[PDB]
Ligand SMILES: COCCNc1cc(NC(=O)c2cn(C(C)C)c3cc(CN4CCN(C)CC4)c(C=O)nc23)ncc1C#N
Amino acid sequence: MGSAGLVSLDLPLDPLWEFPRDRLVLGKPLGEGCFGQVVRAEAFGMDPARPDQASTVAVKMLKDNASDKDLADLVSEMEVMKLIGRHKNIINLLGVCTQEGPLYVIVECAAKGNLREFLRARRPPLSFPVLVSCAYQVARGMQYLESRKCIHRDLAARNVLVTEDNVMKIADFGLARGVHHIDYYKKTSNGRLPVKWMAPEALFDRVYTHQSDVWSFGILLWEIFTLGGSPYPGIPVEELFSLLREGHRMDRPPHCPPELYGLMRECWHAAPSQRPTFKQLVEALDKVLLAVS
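In the form solved without the named molecule, the chain whose sequence appeared above, alone:
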């Protein structure tokens, strides 16, 4: 501004999404990375009727040491989450604070952490109905993301969050273009390319599609029925590329229903046109819920 000689440029006001900053009471941290954090908060008057009613939310924000690149990435994520629309099995945007302060991106709260940590903590609770429901819910989330033309490009157990009522919420679906995104939760994190989740065409040709997300869902299924196991255990990256190029895939986990491994194999087809759609995976997993009960 020429009038004031202001020190910083402002983000544009979207009245539909703007939430009052005074109504957001910040509590304890859900996570903290080096350049970003996620704070638990109580949002008063989140819905039109029932003012002064507190609802618990997660507030995603950058720390002071973050760059303008990092802000552009968070803003890009915000704008994708504005367009995606509401669904039970994805982390939805609840509100934003863009004016007269730092950017807050208010999203749904998932108290039990990611799906990998959830499953690893419950190792001898996790019966077959619960595990098939986790797979089903993620499948339904991905079905919705496909219908709204959203490719995830990094589907894994570590990016599926879990609520207090064991609802699976897919996270990180609308990240910005690139590979070097900041971590919001922990100070030391894996920055590397998630090679063991990526489809061959995504690995070698860098072609990301809905079909390559289906490959990743197959590895997430393998993660679920190994109870948060690490894929391709003790296989180096050079050996992995060689192995995948021969047509080889991971073995069926112990005590895994044959039908579920059948779905993994079809997800792991070399030719992406032969892989099943998320609608087919939802329908197939629905049948397993009825049989397993």
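We call the rigid core whatever largest set of C-alpha positions still superposes within 1.5 Å between the two forms. Positions refer to the first chain, counted from 1. First, how it differs from the form solved in complex with the named molecule.
- For the residue set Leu240, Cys34, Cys256, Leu227, core-aligned C-alpha shifts between the two forms reach 2 angstroms or more at a single site, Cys34.
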Contents of the next structure:
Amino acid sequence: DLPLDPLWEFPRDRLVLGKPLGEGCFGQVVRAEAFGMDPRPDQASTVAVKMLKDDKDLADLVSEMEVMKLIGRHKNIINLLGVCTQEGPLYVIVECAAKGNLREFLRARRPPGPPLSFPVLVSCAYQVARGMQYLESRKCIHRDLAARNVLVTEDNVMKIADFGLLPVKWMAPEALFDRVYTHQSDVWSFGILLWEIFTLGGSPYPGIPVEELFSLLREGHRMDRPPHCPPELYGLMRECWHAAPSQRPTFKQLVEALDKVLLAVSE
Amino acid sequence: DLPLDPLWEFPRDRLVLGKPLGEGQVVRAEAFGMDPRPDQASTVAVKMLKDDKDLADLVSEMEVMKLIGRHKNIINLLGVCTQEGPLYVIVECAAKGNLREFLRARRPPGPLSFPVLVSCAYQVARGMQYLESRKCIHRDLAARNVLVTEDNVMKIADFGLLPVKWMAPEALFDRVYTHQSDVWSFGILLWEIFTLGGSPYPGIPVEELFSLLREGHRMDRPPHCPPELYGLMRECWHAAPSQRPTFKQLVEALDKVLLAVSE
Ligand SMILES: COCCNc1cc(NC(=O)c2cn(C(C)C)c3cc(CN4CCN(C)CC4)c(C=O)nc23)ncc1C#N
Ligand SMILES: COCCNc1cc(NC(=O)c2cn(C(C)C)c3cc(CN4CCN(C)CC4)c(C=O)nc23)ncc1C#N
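Structure of the form solved in complex with the named molecule, given the form solved without the named molecule:
What follows is the entire complex, opening with the chain shown before.
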């Protein structure tokens, strides 16, 4: 069916699929283990596999596979590991995020109230910012950055997912109204994701109905500072929520700002 | 006699000298209106002369500090007094002294957690990266020349201006100092940090050091020090300067260690 890429092709006989994890619009993601991912070739590793689930969905999955090859590897994204393209159905082997998405990770570790110490939360934000800075340098615009689309590994490593491819509460105004997506639009979404982190997985714009959101954004109103959130991190959210994209900080400035915070708490 | 710089001149009537800290000389002091509330007082330090060409040196250092500019992890200039009488050079206060005595005083008898130590190393590396970008070679980087503030902020001192255990070979044998020479010194400073202020090359006479380094031998991994940080020290101690990492690569590497801990 598909061409054989010597840089990525993986032996079908060395990949055994496990239990599915969730159904995605552009396919399906299942657990699996791979024999020989590290070329010891006898040592096994836990991976995830994107595949189809019974069209043009094949073209989209192939498109995502090729984008991942092109974008390259980074610590804070879901990296491609191997592909099976010849002996039947298309498999796209990617890294495993044992702890699921960042949102359910945060909600499940909420104290009974009113593990998730402040440095861990700053670390989460800083890692996503590093990942987004790398994706930007690879000319990648995510268009759907949110805590649900950030995954967590066994070692609390944040990994951005679905970067190689309605949720209006995360969208910048130019994306809400003009349907245009820039890196600065992602920055607005990063501000929302910041708020998600320092609410331990809260729903954005709480209480306010979805219809009032657009007018209240147009009238200069933004979300309030979450409880126990330092003003410096809320200042960062507010900068991400500036109306003009050129006034929002770049992901590079976000990396630096969040690194000063991480260093301030580690001192 | 000294030129009047509107960007830096500070009124004497707002600077009261306190108790000295070490011998030109450096004394504690209090400054009123260092931040333009003008009534608020701040704890500062003042470089001055003792009792010469030492005046020319102190003036030279003052002007170099002006050129290099401000950074979080260096001892920043705050103001100068040059008109009415003796030259004063007002700099930031490092309330906890130098990094070496800071580490030795907090040794357990057998606060200095691993994140704090990595934070110290990372901060010095950021400061050295800035100094390098300002065309500044320190030539005497060591824990004794890193100072600590109330808030545990590392600040490189004496950057605008015999200790062979910190010197790179090209500085030992050719009297040549580059940024990569400082990188070698940073490796020694790393070792100092993760020994909580230990003396380099312990149990070895100074005479044997030069042949030891020529024979490819280096200090051993300090106790409890992770292999990743010792790998960084050893890279800083590569004979060829181009094989040593740059201060930028050191910032990245130490940031990944700081992040791996904080997760
Ligand atoms: C529909 O999927 C949406 C997000 N997509 C993606 C999802 C994901 N994985 C998860 O979310 C996972 C959620 N869990 C549990 C909390 C049920 C997982 C468990 C495993 C495998 N383990 C881990 C630890 N064990 C002790 C046993 C088995 C894996 C695979 O390594 N992945 C997940 N990995 C990569 C991508 C990608 N790309
Ligand atoms: C030339 O560099 C070698 C040493 N020079 C430099 C020395 C230094 N200061 C110290 O080492 C200080 C060591 N201590 C004590 C441990 C005795 C200090 C105390 C103060 C003032 N305080 C602070 C807190 N208090 C409760 C009371 C008074 C200051 C002033 O800021 N500096 C030091 N600050 C900047 C430079 C500089 N430059």
